[PDB]
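Trainee: Each chain, letter by letter, is given below.
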Amino acid sequence: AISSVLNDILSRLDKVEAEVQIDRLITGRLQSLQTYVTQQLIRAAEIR
Amino acid sequence: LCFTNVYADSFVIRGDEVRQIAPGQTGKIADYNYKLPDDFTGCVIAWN
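Residue numbers (the entry's author numbering), protein chains in the order written: chain B, 972 to 1019; chain C, 390 to 437.
Here chain C stands alone, though its shape is the one from the complex:
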């Protein structure tokens, strides 16, 4: 594949909160600091 623009969003969270990084979720990371759009396309990568 080729991509027209690519952005890496980089940040750190509590291991419980990784579920809030999927699109359309709820909880204060999804609600108040890192919202993904409902039709997100891209990849979510996370590690300890």
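The following block holds chain B by itself, in its conformation from the complex:
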């Protein structure tokens, strides 16, 4: 995306181009969460 800040994307672009940049941050963040929850699930099995 053009920035890591949602307010930069939303101030500089219109609705239909900002919704293309915001979806990159949603896609990458949601994978950053899914990676954390997977390594936490795998690590919780070692602690158990």
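Calculated from the structure, these hints are not laboratory results. Possibly wrong hints are sitting among the right ones.
What the hints assert, rightly or not - Below, computed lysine to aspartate or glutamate pairings styled on EDC-like, alpha-carbon distance capped at 20 Å:
1. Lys-424(C) to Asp-405(C)
2. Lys-417(C) to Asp-985(B)
3. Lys-424(C) to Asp-985(B)
4. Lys-986(B) to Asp-427(C)
5. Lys-986(B) to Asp-398(C)
6. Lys-417(C) to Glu-406(C)
7. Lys-986(B) to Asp-420(C)
8. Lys-417(C) to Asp-427(C)
9. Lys-424(C) to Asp-398(C)
10. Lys-417(C) to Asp-398(C)
11. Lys-424(C) to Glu-406(C)
12. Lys-424(C) to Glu-1017(B)
Keeping the supplied structure of chain B fixed, place chain C upon it in accordance with the hints.
Mentor: Coordinates of chain C only, in the frame set by chain B:
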């Protein structure tokens, strides 16, 4: 295809202003007299 309701909106504008008939645009035709919604579905037809 079949359609549940169909409306023809008919009007006349300046040939520069046809761009303002796409959804989410800006300029005084889009702003003050013929706004389309952001999730418009339909067709825009124009001729001289």
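Trainee: With reference to the structure, classify each hint as holding or not holding.
Mentor: Each hint, compared with the structure:
| no. | hint | in the structure |
| --- | --- | --- |
| 1 | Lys-424(C) to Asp-405(C) | 16 Å, holds |
| 2 | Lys-417(C) to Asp-985(B) | 17 Å, holds |
| 3 | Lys-424(C) to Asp-985(B) | 15 Å, holds |
| 4 | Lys-986(B) to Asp-427(C) | 8 Å, holds |
| 5 | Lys-986(B) to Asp-398(C) | 24 Å, violated |
| 6 | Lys-417(C) to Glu-406(C) | 9 Å, holds |
| 7 | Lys-986(B) to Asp-420(C) | 15 Å, holds |
| 8 | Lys-417(C) to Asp-427(C) | 17 Å, holds |
| 9 | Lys-424(C) to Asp-398(C) | 12 Å, holds |
| 10 | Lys-417(C) to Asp-398(C) | 18 Å, holds |
| 11 | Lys-424(C) to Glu-406(C) | 13 Å, holds |
| 12 | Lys-424(C) to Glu-1017(B) | 59 Å, violated |
The structure shown violates the earlier hints numbered 5 and 12.
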